[PDB]
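Participant: Here is what each chain is made of, one letter per residue.
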Amino acid sequence: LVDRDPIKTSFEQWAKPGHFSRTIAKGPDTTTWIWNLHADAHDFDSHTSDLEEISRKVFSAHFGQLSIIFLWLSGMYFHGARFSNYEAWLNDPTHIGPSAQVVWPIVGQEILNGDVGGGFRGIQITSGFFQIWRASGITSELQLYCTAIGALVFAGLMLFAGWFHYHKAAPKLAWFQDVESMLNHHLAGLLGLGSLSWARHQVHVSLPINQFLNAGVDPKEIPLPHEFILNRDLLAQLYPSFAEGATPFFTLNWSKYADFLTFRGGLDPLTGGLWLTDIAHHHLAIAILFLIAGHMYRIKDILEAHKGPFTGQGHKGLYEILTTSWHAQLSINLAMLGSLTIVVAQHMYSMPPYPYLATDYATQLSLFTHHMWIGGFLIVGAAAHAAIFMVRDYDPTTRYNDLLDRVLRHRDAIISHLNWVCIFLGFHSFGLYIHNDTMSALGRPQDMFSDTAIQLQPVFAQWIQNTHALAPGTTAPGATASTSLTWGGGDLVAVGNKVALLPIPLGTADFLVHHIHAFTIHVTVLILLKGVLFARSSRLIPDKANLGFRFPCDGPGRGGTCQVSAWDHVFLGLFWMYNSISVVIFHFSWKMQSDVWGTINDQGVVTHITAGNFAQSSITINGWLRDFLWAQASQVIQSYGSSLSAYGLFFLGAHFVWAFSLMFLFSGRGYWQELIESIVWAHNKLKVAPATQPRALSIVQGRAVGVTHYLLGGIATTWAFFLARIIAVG
Amino acid sequence: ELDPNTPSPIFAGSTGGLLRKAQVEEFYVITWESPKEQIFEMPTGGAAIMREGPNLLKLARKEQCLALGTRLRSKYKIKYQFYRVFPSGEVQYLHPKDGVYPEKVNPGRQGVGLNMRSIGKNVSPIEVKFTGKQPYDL
Amino acid sequence: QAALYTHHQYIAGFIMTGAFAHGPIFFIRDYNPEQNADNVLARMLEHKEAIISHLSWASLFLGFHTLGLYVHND
Amino acid sequence: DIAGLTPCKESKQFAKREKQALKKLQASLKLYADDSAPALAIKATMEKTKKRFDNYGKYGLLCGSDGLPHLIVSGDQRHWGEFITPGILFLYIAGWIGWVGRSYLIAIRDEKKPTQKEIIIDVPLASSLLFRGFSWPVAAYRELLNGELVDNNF
Amino acid sequence: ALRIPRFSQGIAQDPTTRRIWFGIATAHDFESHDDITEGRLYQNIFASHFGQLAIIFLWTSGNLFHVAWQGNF
Amino acid sequence: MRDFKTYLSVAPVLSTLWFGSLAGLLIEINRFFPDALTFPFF
Amino acid sequence: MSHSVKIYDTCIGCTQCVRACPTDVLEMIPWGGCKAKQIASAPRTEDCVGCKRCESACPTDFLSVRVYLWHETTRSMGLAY
Ligand code: CLA
Ligand code: CLA
Ligand code: CLA
Ligand code: CLA
Ligand code: CLA
Ligand SMILES: CC1=C(C/C=C(\C)CCC[C@H](C)CCC[C@@H](C)CCCC(C)C)C(=O)c2ccccc2C1=O
Ligand code: SF4
Ligand code: SF4
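Chains as they are written, first to last, in UniProt numbering: chain S, 21 to 318, 327 to 758; chain D, 75 to 212; chain P, 368 to 441; chain U, 78 to 231; chain L, 2 to 74; chain H, 1 to 42; chain X, 1 to 81.
Treat the hints with care, since some could be wrong.
[Unchecked claim] Now the in silico label distances, taken between C-beta atoms and shown as ranges: (1) P:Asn440 - U:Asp228: 51 to 59 Å; (2) P:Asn440 - U:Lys86: 22 to 30 Å; (3) P:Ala388 - S:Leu600: 26 to 34 Å; (4) S:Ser30 - D:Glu126: 51 to 59 Å; (5) D:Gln112 - S:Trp34: 46 to 54 Å; (6) P:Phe428 - S:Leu600: 35 to 43 Å.
Keep in mind that the hints were calculated from the coordinates and are not lab data.
Ideal placement from N, C-alpha and C gives every residue a C-beta, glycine not left out.
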């Protein structure tokens, strides 16, 4: 390509058919290249055979995410502001049931807008702003309206840094191809200087402006816009102005104190969102580390070190090419970023970190399943992109004889095991349930697997739960309750509208879901593991790195020779994970409502959204639609003519879109060709078709329009199924 | 084996190649030339070196041992050579035979390309009912 | 009366298919273009691109138009 | 008149629908807007579905049991424009979608390399072959069947 | 490496398992598989579905036989 | 600046300024007549 | 047949056209006049598996081959092991 250059046009390329592999989009017309162009639009086997740029693009086309997450948030802060309900909800929590969005009464619309709290028509929320927002050491609607434009500021600017890259004549190699410092910085002072900084604006301002909110008032009968400077006088109620101490150290006297923190654990009676008196200390006690920690270092050295006998000789030298990969140092990350998201999903529901959550049921489970699909949707990826490594990234083979060349050495092996693992599971991990049916429908309970028939006896208790809620008696200092109230030992009194967390008991019907997870988590990974491992060569095809990591299927021979590849192992690996997460969700809420969520009154006689129906009745896998799907969902199929209605009214579409995927999943290809011409014929008679040769779907595009649909179908189905059984009773 | 140790194509371990069905039936093996000590890619997932001897690696099945070409001719050399070992001898002299480099002319050998009638209007389906007296066994 | 209209609706449907499926085997194993031609079983082949189209036009119409009326209704 | 019942001039079942259902729209003794200037069930949403009283127009409109109105359209008693009036309309509008389909198309296949001019658009919508549709008096109803797209080109 | 399945031949000495499945689903495809003639075939569907009518009466018999001694009538 | 026998181009999805809008002006007829199901004429 | 999938064309020239396919195709057998004069459709095919890598490149202008062989050894599917 010209047009023409090198050097010697500014005149930009708008006009002249094509670009992207060289007997390119050819003069001669076609359609396939219009899904080409969008797909693989980002890729790197083309653009140039030379690293250089690519990192100079990804550090820019990156940017436009932050900026975006930044245009987003703004319409959420704005939204969570003038489309109010926040002002109204906060003087009045336990009571309200929040909104931010509202229609405009065009056509049918309005049904969707149904009285939500501080006196107005709207559609609800299961996205816990209104609750980060508890923070506001200040309060005010127009104020969020500054935090809002403060958002659009970071954006335009944190979006003109993206002009101020690639398009501007760019940095180069050394800049990233000296890695030497990167984490040094990152973790030290941002990971640090945020958490740190967050400390300073987490007791300064917030703690006090909810220390005396957890009582009454109406805001501006509290927390001015400046009030919190030098005036270290209201900081007087929430500890000393250090009195006689000077910059910690010890020649200090406490005859009666010990700074803010004074460590909690449990839950505010009046706002059980976990205590804040702590929340500063923990973030402070973070940062320090990061503050000390981001001070390594300059790199091989540490990895060029510990080897052994069978261990990893190539451990030593574990990648020069880890300054020369991406597709590698992205895949690693996704496993972590991803696997480090759904660890949120627990510490959240068994330890709320915001005021008013749990009581708020629906506004932190939405969460625990949204955060849950990322700690999964980012993991199969975290494999895909390793397959993208394993196939291609490096120039030649300069990488040699090491940890990997090792793992591969065995490979019909690491995956030889893992397999049997799964059929051991599955048999012990699902037909287990099927016993029950076949023998409870035969009907002889003597011999089921009930929490009571097969020998276990009115106790689960003695394991580690019961040595967690009881541990404030070790090296442990203490502080009433535990760490997470859901643990075996002691305490009850949690909240005065509805409930929050309490013990959460186990045994079987907790024993075996917990095991289906195993088998589910395991056969997921089998297919990804073997998939990324056998990326490039095999004894079904060895001539098998020769195009890319996709390729439809090699060809009718060898018997099958179809699925193979690794786009496709990252195609049938999604297919499982949709279950992996989709059944983990199914788990939590049936627990968390069967027990936990429920409610106090006199003598606090607890009354769960369901008197533990779980008991003897999830163990039957029909009980999973006797007690679940057919029981709850009665709220989705009753939901017409209401306010939420948009869920029942989705629940048919998307419970349709899924049942459209199979068409894309289950079908041939020269088929819709053979068909597309009958069409093309009738077209030509009137004189109406040929130009831009209309073509069927690109074997693997077809699979691309399976899967993606099967998910946005099979998923939102419950996104509806859910929001419709926590809004309204529960 | 060892008391007779005759090697050439360096490797160390691997759960890849050759297993039970290469004794009890057929064998298949590739041989080659090379300049100075160079590290290669490998069928079966692994990777090692060269120098010489016969440079004679043995391989499970013959689709496997020509892939030394589909990359092992993007790494210099005229000469690479795979035969067929049995559990006893010959017939099937695999890369032996006559000339070499599938795209030259000495003889014609087999192939043909036609059937009875050529690609032309076989809208004509299957003809006679299969019956032992009219030239359809080819 | 209601598990007997259907074992006669399944089947029946289940047939039809196989009916349509041994009449696309005639065209390959048997059948004989030189022995059937200008002849009304041909012409049926010959004028075929139309046949699937003025069939597909029925469906796509009978498609979105039933599906307008049923989501709209929902 | 026909299979269902009579229109609006009387339709008991239909009446009950007007009333319960909507007016329970009510259902919120108050819900505070004594004077307040937002929450608009209050004004219309009802009244816009409601002041739709014993009038909706008058439309005839058959209304079965439960009094949801059914559409006959067999060109009789009253009901004619529940298909034809909005039927020819569907025809006319489409067909002037594709009359121009068969137009910002039959204007290209010529000159010099014309092999995807169509992924960009030469005259947007065609904005030239545009009105050819309203500028269809008769048109394809003759020139389609005689000449141009002539059996020749068939 | 032996010889088996008594009608086809390509199928007959295929060393895998296909050997099996594909055996039990080519059975009924008389027209053109080793053992066939337009004379064979026809009759080889004729005394086939004389093997029919035949299986329809062992059905009906027992239909009228789990009825006559119990199963209210 | 645009006379007779076709004109200047336009992008991939100006359909997104054709679905959104034009069609958009039609809600604009579906509130002017906030309702249908038959229609009076002019 | 026993491997019978027709990739034939008319040029049977094989330069920047087609080579790919494990062993099976030792051609260049010049028939007395067909331009770049190398012809036909195969050599001795009782050796390797069932690709259609066979065309994918260099014309067959008609069909292109695939599996059709039925009578199917094992050395004819990777897996006789
Ligand atoms: C006003 C400015 C402007 C202009 C005229 C250009 C022009 C160009 N840029 Mg570019 N760029 C810009 C701003 C601009 N850029 C900014 C602000 C950034 C950083 C944010 C970049 C980052 C960038 C990179 C990495 C590259 C270019 C390249 C190019 C060249 C190819 C452009 C192209 O066709 O992409 C078409 C794409 C667009 C027009 C849209 C850009 C996508 C982002 C910024 C917004 C869209 C996201 C949006 C939310 C869509 C998703 C939601 C959807 C549902 C609506 C071209 C000369 C490329 C090059 O050098 O040639 C290989 C190179 O790849 N640019
Ligand atoms: C940190 C990571 C992130 C990044 C930066 C990338 C980057 C990349 N990935 Mg990738 N990937 C990721 C996470 C990431 N991935 C994850 C988590 C997965 C697992 C699902 C994958 C699975 C994956 C595959 C299989 C492939 C890539 C490929 C690529 C490359 C192609 C990108 C492209 O052209 O856009 C592609 C995006 C589109 C074409 C847009 C279509 C999006 C559709 C499906 C919409 C999604 C549904 C949604 C609900 C619809 C919107 C709403 C609608 C209803 C209105 C690029 C380098 C491709 C490659 O060939 O590598 C070179 C290869 O295809 N990725
Ligand atoms: C009333 C019947 C009628 C008759 C006389 C025939 C006769 C024939 N059919 Mg045929 N067919 C029919 C109805 C009939 N068909 C119908 C209704 C359909 C589909 C609706 C088909 C679909 C069909 C196909 C696809 C083929 C034939 C073929 C044939 C020929 C070989 C038979 C065969 O392959 O079976 C051998 C089968 C077996 C020995 C058993 C395997 C069958 C499996 C799929 C079991 C089916 C489901 C089963 C009930 C579920 C398991 C039970 C469960 C309770 C455990 C033979 C000419 C073949 C042929 O020669 O065409 C070129 C083949 O192509 N037929
Ligand atoms: C419920 C399912 C789903 C849907 C919607 C369809 C739809 C269709 N199938 Mg199909 N199919 C399915 C599942 C589905 N299938 C499954 C599971 C299988 C077996 C595995 C098949 C096997 C099959 C075969 C063999 C064939 C079809 C054909 C068809 C088409 C027939 C024409 C028609 O019915 O009206 C048209 C379509 C509809 C009524 C569906 C809605 C499509 C429109 C309304 C999309 C909506 C636009 C929307 C607002 C924009 C959103 C897109 C985006 C911008 C966000 C139609 C497109 C046939 C065909 O090709 O006809 C020519 C025929 O080939 N199907
Ligand atoms: C300009 C348009 C045009 C015209 C005149 C036609 C005409 C026809 N199509 Mg068709 N089609 C089109 C575009 C068009 N199509 C497009 C874009 C697609 C998507 C691939 C199809 C997919 C399609 C299928 C599957 C079938 C037909 C069939 C038909 C025939 C039956 C009519 C019918 O019931 O389908 C209704 C029409 C559609 C479903 C097409 C939707 C696209 C329309 C809305 C195009 C609108 C104009 C477009 C924006 C062009 C830009 C304008 C430009 C001047 C600037 C008829 C000859 C059927 C047939 O073969 O039987 C004879 C068959 O069922 N079409
Ligand atoms: C149904 C199906 C098809 C047929 C599906 C097709 C042809 C979908 C493509 C339809 C396109 C998206 C229609 C695009 C037309 C419009 C974009 C043009 C008009 C512009 C708008 C204004 C309407 C395949 O091609 C296929 C391929 C491989 C495996 C499975 C399948 C499969 O299941
Ligand atoms: S290249 Fe393809 S003759 Fe030509 S189509 Fe036949 S093998 Fe050679
Ligand atoms: S197409 Fe057939 S003959 Fe050719 S290489 Fe592939 S398998 Fe062998």
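Participant: All hints are to be evaluated individually against the structure, with a verdict given for each.
Facilitator: Structure-based check of each hint:
no.	hint	result
1	P:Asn440 - U:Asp228: 51 to 59 Å	44 Å, violated
2	P:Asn440 - U:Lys86: 22 to 30 Å	26 Å, holds
3	P:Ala388 - S:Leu600: 26 to 34 Å	30 Å, holds
4	S:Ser30 - D:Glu126: 51 to 59 Å	58 Å, holds
5	D:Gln112 - S:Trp34: 46 to 54 Å	49 Å, holds
6	P:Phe428 - S:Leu600: 35 to 43 Å	36 Å, holds
Checked against the numbered hints given earlier, the structure breaks only hint 1 and satisfies all the rest.
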